[PDB]
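Notes follow once the structure below has been shown.
Some chains omitted; the rest stay in position.
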């Protein structure tokens, strides 16, 4: 099966659902008006997510794994950027 | 292995744990007094979840996947209902 991860914020709410399928992760988005495909598209076979609001600004962290490798991706209001996470050391 | 997804709300807290096993997803619940089996029972091989409170009312979204198909299930205070989510388009 594909593998998903979901997060939400606020009371509208906004929702993001990440799906790993055949080695790629894609993103679907709800902001109160319908579902649309988001900008996030990166390699991975497994995905997890968390998020937090600072006032009205959302911060999202997506953990994309393949084999024994995990890469963190970061949204902080502009774009997706690889983060500093490593699984060890 | 079975695959689980967990969410919580409030400070009691309430917890819900969803488990995919042999193509079915079941639900376990804590509201401060012990664990009990919940009403949610739907097909799926993979599960994710998120939730949010509006005041004192919980909203839960369970994303149930099998193969390349994902179905969203919705709790909004009464019962479980299929949602509008699709993985594409």
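Order as written gives the chain letters A and B; numbering starts at 1 within each chain.
Just so we're on the same page, a contact is a pair of C-beta atoms (placed from the backbone, for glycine too) under 8 Å apart; a residue touches a chain by one contact, two chains touch by 3 or more.
Chemist: To what total copy number does the complex in this file extend, with 2 chains depicted?
Modeler: 3
Operating definition for what follows: only the chains that are shown with their structure count from here on.
Chemist: State, to the nearest whole Å, the distance from the C-alpha centre of chain A to the C-alpha centre of chain B.
Modeler: 19
Chemist: Show me the residue ranges of chain B that touch chain A in the complex, using the header's touch definition.
Modeler: Against chain A, chain B makes touches at 44-54, 59, 61, 63, 65-68, 70, 84-88.
Chemist: Flag every residue of chain A that touches chain B in the complex, lowest number first.
Modeler: Against chain B, the touching part of chain A is residues 1-11, 13, 15, 17, 19, 21, 26, 28, 30, 34-35, 37.
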